[PDB]
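Take a look at this single chain, the form deposited in one PDB entry, given in structure tokens.
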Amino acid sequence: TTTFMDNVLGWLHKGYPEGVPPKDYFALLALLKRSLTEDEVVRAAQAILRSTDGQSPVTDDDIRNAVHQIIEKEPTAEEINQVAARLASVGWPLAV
């Protein structure tokens, strides 16, 4: 929650140290609303489960790596969160 906001805020300031120009407004809202499809969530969760055993709580970086492999671009916080929620629904250990 506060971790999610830290992440987006961190991204937004790093991306735009001096303000968000109007030319980037559609782009920004679209980015913030961007999400994985169900098929992508399934595929990320499966890939993570195939490669972990529970002794090591799946970290945000682990999810990032799996999602990046699928969408071939840098994942957003929402996309990471979607996969974390899917892993939680099967009781898989998560760092966060």
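Positions refer to the first chain, counted from 1. Take the two forms, find the largest set of C-alpha atoms that superpose within 1.5 Å, and that set is the rigid core. First, how it differs from the form deposited in another entry.
- Relative to the superposed core, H13 undergoes a C-alpha shift of no less than 2 Å between the two forms.
- Once both forms are fitted on their core, the CA shift for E78 between the two forms remains under 2 Å.
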Contents of the next structure:
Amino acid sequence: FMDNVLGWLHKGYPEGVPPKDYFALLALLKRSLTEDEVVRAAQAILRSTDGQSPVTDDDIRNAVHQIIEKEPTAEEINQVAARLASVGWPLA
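Switching forms now, from the form deposited in one PDB entry to the form deposited in another entry, please provide the structure.
Only a single chain is listed, so you will not see partners or other molecules.
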């Protein structure tokens, strides 16, 4: 797994995951951006950045949030980071 998914899990459930939240947890873990959402998110970053300053997880989270209008998961952020990497955009 990616390090930030584990970080995301500690952030979301700082004192443990109670059994009443198992469905919510797994549903969130399963969630991903559609191809069209990944295109829009990467586009949004490219529109707002110069290609020198490395793009941060926070930058990507904000771009994705604006698009899906809800708190992004680590997996969603990573889809966009991957896409930006495919066009050589610097990543933090």
